[PDB]
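A.B. asks: Given next are the chains, with one letter for each unit.
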Amino acid sequence: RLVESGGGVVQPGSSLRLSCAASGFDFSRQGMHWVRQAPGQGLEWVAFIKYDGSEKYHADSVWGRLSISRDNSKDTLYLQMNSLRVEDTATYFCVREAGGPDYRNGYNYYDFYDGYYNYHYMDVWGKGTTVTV
Amino acid sequence: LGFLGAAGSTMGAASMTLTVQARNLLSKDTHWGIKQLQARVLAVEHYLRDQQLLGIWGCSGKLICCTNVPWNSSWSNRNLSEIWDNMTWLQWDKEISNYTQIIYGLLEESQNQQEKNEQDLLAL
Amino acid sequence: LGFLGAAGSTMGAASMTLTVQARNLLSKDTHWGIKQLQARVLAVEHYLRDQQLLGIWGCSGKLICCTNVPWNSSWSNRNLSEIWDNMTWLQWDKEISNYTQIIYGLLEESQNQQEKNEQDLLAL
Amino acid sequence: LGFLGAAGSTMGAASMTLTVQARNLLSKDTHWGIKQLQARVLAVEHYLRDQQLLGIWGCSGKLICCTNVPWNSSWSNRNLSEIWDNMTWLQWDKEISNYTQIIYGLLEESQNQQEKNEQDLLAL
Amino acid sequence: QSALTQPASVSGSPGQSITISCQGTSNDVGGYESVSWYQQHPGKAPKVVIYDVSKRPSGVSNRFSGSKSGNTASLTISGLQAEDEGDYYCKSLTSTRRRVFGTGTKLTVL
Amino acid sequence: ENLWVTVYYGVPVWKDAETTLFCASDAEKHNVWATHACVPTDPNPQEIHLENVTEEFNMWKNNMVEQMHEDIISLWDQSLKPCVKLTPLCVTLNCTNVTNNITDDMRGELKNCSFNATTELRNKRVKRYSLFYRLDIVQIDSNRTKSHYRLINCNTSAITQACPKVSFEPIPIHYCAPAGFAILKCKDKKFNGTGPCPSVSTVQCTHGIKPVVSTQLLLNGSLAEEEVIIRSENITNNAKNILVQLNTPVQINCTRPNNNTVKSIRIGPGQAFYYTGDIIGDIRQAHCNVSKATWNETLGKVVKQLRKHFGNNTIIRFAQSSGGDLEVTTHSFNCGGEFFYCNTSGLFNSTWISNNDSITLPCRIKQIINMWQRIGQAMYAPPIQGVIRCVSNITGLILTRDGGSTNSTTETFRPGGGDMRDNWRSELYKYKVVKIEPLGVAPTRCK
Amino acid sequence: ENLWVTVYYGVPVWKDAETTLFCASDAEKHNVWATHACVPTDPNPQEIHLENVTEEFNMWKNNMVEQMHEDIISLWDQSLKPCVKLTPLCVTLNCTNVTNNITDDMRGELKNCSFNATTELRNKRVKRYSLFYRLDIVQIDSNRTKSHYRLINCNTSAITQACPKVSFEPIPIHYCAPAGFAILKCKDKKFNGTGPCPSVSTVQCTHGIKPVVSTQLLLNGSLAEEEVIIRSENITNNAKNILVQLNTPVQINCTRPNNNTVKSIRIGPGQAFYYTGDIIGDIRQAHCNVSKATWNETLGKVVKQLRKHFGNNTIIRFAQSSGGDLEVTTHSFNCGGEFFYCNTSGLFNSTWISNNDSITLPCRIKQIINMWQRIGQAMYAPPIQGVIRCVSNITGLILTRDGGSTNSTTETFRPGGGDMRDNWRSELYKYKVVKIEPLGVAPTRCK
Amino acid sequence: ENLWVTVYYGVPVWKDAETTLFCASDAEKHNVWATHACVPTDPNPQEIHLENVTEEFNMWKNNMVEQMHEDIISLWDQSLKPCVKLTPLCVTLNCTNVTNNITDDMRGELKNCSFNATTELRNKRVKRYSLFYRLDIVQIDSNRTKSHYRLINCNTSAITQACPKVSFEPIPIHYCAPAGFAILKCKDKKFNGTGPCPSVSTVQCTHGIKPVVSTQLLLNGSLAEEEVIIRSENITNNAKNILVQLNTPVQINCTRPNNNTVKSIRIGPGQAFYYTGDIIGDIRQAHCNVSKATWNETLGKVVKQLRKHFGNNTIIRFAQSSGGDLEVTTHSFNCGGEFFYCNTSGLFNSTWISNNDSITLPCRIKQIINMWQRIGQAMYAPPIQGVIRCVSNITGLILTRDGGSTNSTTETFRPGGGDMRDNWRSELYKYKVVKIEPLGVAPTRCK
Ligand SMILES: *[C@@H]1O[C@H](CO)[C@@H](O[C@@H]2O[C@H](CO)[C@@H](O[C@@H]3O[C@H](CO[C@H]4O[C@H](CO)[C@@H](O)[C@H](O)[C@@H]4O)[C@@H](O)[C@H](O[C@H]4O[C@H](CO)[C@@H](O)[C@H](O)[C@@H]4O)[C@@H]3O)[C@H](O)[C@H]2NC(C)=O)[C@H](O)[C@H]1NC(C)=O
Ligand SMILES: *[C@@H]1O[C@H](CO)[C@@H](O)[C@H](O)[C@H]1NC(C)=O
Ligand SMILES: *[C@@H]1O[C@H](CO)[C@@H](O)[C@H](O)[C@H]1NC(C)=O
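Chains as they are written, first to last, in the numbering used here: chain A, 2 to 134; chain B, 21 to 144; chain C, 21 to 144; chain D, 21 to 144; chain E, 93 to 202; chain F, 575 to 1021; chain G, 575 to 1021; chain H, 575 to 1021.
Hints in this document: simulated from the structure, not taken from any laboratory. A hint or two may mislead.
Stated by the list, open to error - DSSO-like, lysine-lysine: derived pairs with alpha carbons at most 30 Å apart:
| hint | chain 1 | residue 1 | chain 2 | residue 2 |
| --- | --- | --- | --- | --- |
| 1 | D | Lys48 | F | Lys655 |
| 2 | C | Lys136 | F | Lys814 |
| 3 | G | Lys701 | G | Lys720 |
| 4 | F | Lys814 | F | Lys763 |
| 5 | C | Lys55 | G | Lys739 |
| 6 | G | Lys698 | H | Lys940 |
| 7 | G | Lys761 | G | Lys882 |
| 8 | G | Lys720 | G | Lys940 |
| 9 | H | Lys784 | H | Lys763 |
| 10 | D | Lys55 | H | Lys685 |
| 11 | B | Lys48 | F | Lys603 |
| 12 | F | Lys589 | B | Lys114 |
| 13 | F | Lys720 | E | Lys147 |
| 14 | H | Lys635 | H | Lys659 |
| 15 | F | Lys655 | H | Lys655 |
| 16 | H | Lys739 | H | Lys685 |
| 17 | D | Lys48 | F | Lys784 |
| 18 | H | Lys784 | H | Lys739 |
| 19 | H | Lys720 | F | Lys635 |
| 20 | G | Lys655 | B | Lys48 |
| 21 | F | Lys603 | F | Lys814 |
Said to hold, decoys possible - Far from chain A, by Cβ distances over 12 Å, these chain H residues were calculated:
| hint | residue |
| --- | --- |
| 22 | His623 |
| 23 | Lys720 |
| 24 | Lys761 |
| 25 | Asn827 |
From the three backbone atoms N, C-alpha and C, an ideal C-beta is built for every residue, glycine too.
One chain only, chain A, in its complex shape:
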């Protein structure tokens, strides 16, 4: 259950901060993605964050301006977006990354602090929130 919040209408050069409330899953052991889709356009990957915050990956197209972060206690995913461009107008989505334990040699395999590995696909999408610049 992913619920985006913080969308609104801003002027060019402004900053906006999104958050995604979440429930139904051990947020703290699973990775997350931000995806955006401009009206009339296809899906654009924005960023990925590992469950423990150890690795972050951002699209070249959003570098500098967008930054992915998370709060394990809040069970919340965030997107900090600065110096906003009109090109950044899009519906932004909170997406849970599919994952679980690798099965090898009749055993399951966890990542550090019993983390879930990335099955490599999206599973749960929120409704999305519109960000207009």
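Position chains B, C, D, E, F, G and H with the ligands relative to chain A; hints supplied.
C.D. replies: Same frame as chain A, but now just chains B, C, D, E, F, G and H with the ligands:
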């Protein structure tokens, strides 16, 4: 009477059962084999310590020891008739328990040295 | 003769090897150490039990003891010459086996109660 | 003097206090439990062998013996005035150690075995 | 990081078998077996149709299949239905560890 | 005055002593206490009355209790050591309901657990399931599907238990003294704990004592010959428990009224595991039937005795225990290997003042049990086939006083105490052990 | 002129008695039985002949053998207890029968098996293979796979073996009575173990007995000096075994004529395992040779002795055993650590009547062997590098007399009776153990 | 007139003998030596007041050394046995560099390494990390990633460790003789094995000896009181070691100046493992200090004594050892349970001739440790949190001479001693054990 049958009798009366009491002094890596050995061995050690004391005193083979050593008058406020006829062994032991070591030491030194010194003096 | 070499000897003849016979009565990942201890302990217990019996009968240190205990003809169908010169100890023990306990009791009781009384009388 | 107080002294002088020496002859799944049982058994068997031997020699209850067995000249190159007065027991034992068995055997055969036979023959 | 190329649109009659292609590179489609396809109902976030080149999630019918050869991947839709209409997308993972989407394909059922 | 010492050997003198008494027995092959090695018992012990002897000895300070404690615990493990470990079963259990006609008392009591079992080959696992009692099962994760559970102790010391072959019958064991020692016995039935006993005799061996483990009531023990006796170290010290010996048994009939089956799996190389299978017939809760009239008389007698050391115009309330873990809130006992945890509140819900029809006490059944004295070891009780009807005698109680009251009145007592040493206090009150001291100084006239 | 009963001591009196004996070693690498925990023997425990003594004793009522049995077993376990277990190897094996020019008698006897195995690290799963004898494996499921096999004891007690440096040589051990006890030995030559012996001597220690394990033939023992002696508890009871002590040694030459190569792996933390890899040369059946003429003469003597015991001018025949597994139908013995299961039916394919030529016995080799008389254990016999050839003598035979009221003729004798305790009967039939009772009682004239 | 044979009993005569001594404790509950079976003894010495008997005895003849040695090893196994095996950790270990302000001479000493691990459930594996010391980690495959390692002893006997409560405090143990035995203490403060001891006082119990085990410099032992004494089994034998007992203590201050974190995980069912965590502050080499004066001038006393075994105008050199295993190459001691290895490069360098400034030695830390004399077992040393500092007393040296010298000069000595027993030889050098032989015979005159 059997073992301790005379336990409440006077000390004099009970002397007739000393043999009876003597008869009752003598008779796997998990918790039973070792315990039995410990019990058996200790029973033997207790037995032998008393036998050694009797031996050093010149009481080997005797039911009753007899020596030439007097006891201390400070150890008694009683005459022999009271001691033998109006008291039992449990009572008596309590009455004189603090003099046990003293008398054993006196009996051993006094008679062991006198008897062996006489044996050499009277050897021929 | 050697140890137990007197087994076929007559009771009288065998009386001449008694010192030998008596001398020879005396001597970590495995449980064998325990059975070895048990064997040694039991040998001691058997030895001491018999020694106490001999001692209580006034036989401490004596291979042979003369006592004061008479006995019934009901316990024998033989004269002393047959008993001592023709018979062996093995056969003899079988022949009088059922009187063993009775005699042990008599030897102790009929000698010690009386010796005790003599010691008291001999005081004066 | 205490234990071994005269060990290095004159044999005669050292015979004055033999009582201490006698007293010092007598007193968990780990190897310590095992060692304690073994040690206790050892002490007991050794003690009993000496007592059994004294029994055979007719020395029950004695610190000092006397026998009907004469001394052999092969056993000594000294007078009593040299042996008892001018040397220790440690040295003495070292010097005559070759005769331990012959002496003990002679004592057994000539002392109690013969006296006991004579006593039976003096019964009537 | 560029988009994966998809045909602008595909179409066919009900019951028709159609294919939606995706053209990537050696750093993604020809790099791992980590490819996947999504179906986006207009106005809604998309659902997984395919993952790991050809695997279906529970709830997706066997009419949805696919394959991968070299740097080119595709989605096969057999037995095409009007209910299938929507925007189809390919996705892949990269050496940079970034996620990349294709341009998307519009599906029309005739 | 011109007198000398004699010494008598064979003197009848006693000294308090603490030594080991040994296991004595009449004689199936494997019992926990009636073990392979135990020494045959004297068929004719000789009890010797002692004329002119009064001897004082203790209760609760009596080390014979301690000796049984250490030996029963150590032996429990030695006899039950070579059992199959249940470590291999510590996997997640997928839990659902039981497909039967389940009564209202039994709702929630049983679970049907499904898991991937280890087989005897290292290359194989199989789908298996078993039934468990609720008390032994814990939820693995509220965050994940609330259907996954674990055995209660897989995150602590491993549970080990098989040995279906071992007998748990509480066969009484006699204890015998080594030579040089003697056991003194008190025949004064009126003694109240520790004090001089005017009527004594001696024995070589004690009678046999049945190793019955209990947390509240004393079952199949020594019964008082005349009247109910209440004994304690200090009647005003509520930190101590109360021993109540009854003069009449109370018969209690306990059951686990379900016809059970047993299933098993080979886990490893002879490493067999047995578990609860399905149930024949419907599912009902365990219970015990105590005669109401007998019980009423039983506590009435207890009150008559309480009033000897406590006064009148006091209302004595009997109440259920105040709380604690299962072992101290229920009456725990073993019936043929089955472990019962019975609710005795029905026995302690009344008052007494100074001026058939049974009690159908509900019970629970538990299989993963910690040793009474520690939690570093635990066992899984094997399943038992069929239906059990357990019949025993209540011969006593262990009670706790609700100490502290206004104006020293209207006292309340509750059942309890899980300390195993308290279950031997009655049987051992009669005995003391002493060393024999054969030498005594004898002053007289000889030289 | 009256008599009194006096005390005697040092008296030469014996009582039948039971106790244990001490292990005495004669003239290092530890041998399974000739253990480090065994005190060196008396180089000359001189026996003494007893003048004018005849004594009775009865073999089979002799507990010396029972003591030997328990000790040989306990030592077997003490030695094997710390060895590497084969449990990690209880995996499915993919088995075929690739051999290098195997003869016809051997077809199907060897199997070429591959399997998954671990190494010292838990993540390094590797492929391994070895050769097995057919007798050691079973198809887990033929229907699923033709080649899927498993080891015969993986579904029961774990198979264990390592300790390659242990010697299984049956080194003789002497046994000694404890103080207070002595052993009477029979010096007669025509004597059977039950009844009076007119010529005896006393000893403290027995001669050394080799702890030979065998099932049909009694090998490496003490031969009769004059005549064949046949011993039985009840000579006409066909439910009992017959012991035949020969006065003629018969030599037998056994071999495994295959130059097997031994390979090894590590399974876990120093957990070494040894197995046959390839085999040098072609494949031949194991076998034992005896002289035909010697065996024929041996039986002729046995036949005469049997007639002495039964009817005159009668017919005696021989046959092999009436089925059962190898442990009871073949002659089972060990040499070099390997076990042999030889077909002895050719030694019994003869009849007798009232009025260079050799025998070859084919043999089987087995490596997974259960325990002597137990089913709670399994052991793996490691291979011996190279070719093994062993020579030993037959000292005696174990016979079974078949039943049927066949008019006291055409009696059939068979091999069988492979109970280890019956083997040792052939060595201890000459000994009796008694307690020494030095205390005597007798009348005389004194006071 | 002639002499007669007389037996005397209670004769004060000694016999050389061997038996064992009892463990006697004096004033966390249990340690290898603080064994649970050990009997508190009487603190009062049992002296014979320097009774004037001369007795010759020596070292390397003294079997008590062997007993101390064997008892200690047995005790180690007893405390090491009931602990967690570390076998589950023998997995592929993934290593990189620790990057925390490492000082240059510490580069390569520490490894940051990841691995998979077992957990509470048997069908689950998790990722875990720890910090390791380089010495115990070995690379497994140059052909594969240069990051793959294993623990040094996973291919041999399992490495085990737990029981963190237990310490290794070398608590002194006193040893006592059984009745019938006596211990002879040499009161000569200036003796050697080259002759008899003129002053001996026997005891029943010895003073306590601390089981401190060291490889080169003996710590916390008995210091000589009057002079430096050098002892050897054979003073001219290059194959023997040299024991130097100093009469001057040398203080040494050791440290591991690195602030550690101890972290722990569950490996299995109540199976805990402890490991090195985050080190905070700079990474620095462990080291030990002595002052120059107390080492350099102290050795001159050693030299004066060496010159008594060697000739006059002889040049003496000190040098470093030839190497070999770390266990013999470096100084080694344990403190806090941690094992330290130190290179004595600053101690053995200078040459002695006929005619505030400190020394610091570098040290290293090791955790996977075999026993000095055996590799059939291995133990793991747990980490210590925070910073550890230790101060010890050097009481003696174990030196090794080179293989002779040219024309009795420039005699070179190196640190040495490869025999664990040297640690007790150095303490028991003052004692001998004899048996008491109370019977004897002498001529006299009587009846
Ligand atoms: C009936 O009784 C006879 C004796 O009367 C037995 O005869 C011999 O018994 C031995 C022991 O069982 C046979 O085996 C020998 O074992 C030795 C073991 O020593 C070490 O070295 C081997 C090396 O492979 C290690 O495996 C082992 O652990 C030890 O470390 C071998 O060394 C012997 O081989 C060498 O010596 C023999 C001569 O003795 C030479 O011929 C060999 O070429 C080689 O140099 C040997 O293997 C021995 O084979 C028996 N001899 C015969 C003729 O049989 C009978 O075994 C016994 N039979 C039965 C069934 O009980
Ligand atoms: C009974 O109680 C009284 C009072 O506390 C005490 O003095 C007495 O010794 C007790 N007697 C027994 C046998 O417990
Ligand atoms: C209680 O009543 C009984 C009679 O039933 C009487 O004997 C006893 O003394 C009374 N106790 C008190 C404290 O009044």
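A.B. asks: All hints are to be evaluated individually against the structure, with a verdict given for each.
C.D. replies: Evaluated hints:
no., hint, verdict
1, D:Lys48 to F:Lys655, "holds (19 Å)"
2, C:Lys136 to F:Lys814, "violated (54 Å)"
3, G:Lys701 to G:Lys720, "holds (20 Å)"
4, F:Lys814 to F:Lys763, "holds (22 Å)"
5, C:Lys55 to G:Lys739, "holds (28 Å)"
6, G:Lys698 to H:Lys940, "holds (26 Å)"
7, G:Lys761 to G:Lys882, "holds (23 Å)"
8, G:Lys720 to G:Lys940, "holds (23 Å)"
9, H:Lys784 to H:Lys763, "holds (20 Å)"
10, D:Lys55 to H:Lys685, "violated (47 Å)"
11, B:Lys48 to F:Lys603, "holds (17 Å)"
12, F:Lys589 to B:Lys114, "holds (11 Å)"
13, F:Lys720 to E:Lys147, "holds (28 Å)"
14, H:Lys635 to H:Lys659, "violated (39 Å)"
15, F:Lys655 to H:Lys655, "holds (17 Å)"
16, H:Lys739 to H:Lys685, "holds (27 Å)"
17, D:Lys48 to F:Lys784, "holds (27 Å)"
18, H:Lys784 to H:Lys739, "holds (20 Å)"
19, H:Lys720 to F:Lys635, "violated (69 Å)"
20, G:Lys655 to B:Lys48, "holds (17 Å)"
21, F:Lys603 to F:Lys814, "violated (40 Å)"
22, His623, "holds (71 Å)"
23, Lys720, "holds (22 Å)"
24, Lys761, "holds (66 Å)"
25, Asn827, "holds (40 Å)"
Hint check: violations occur at hints 2, 10, 14, 19 and 21; the rest are consistent with the structure.
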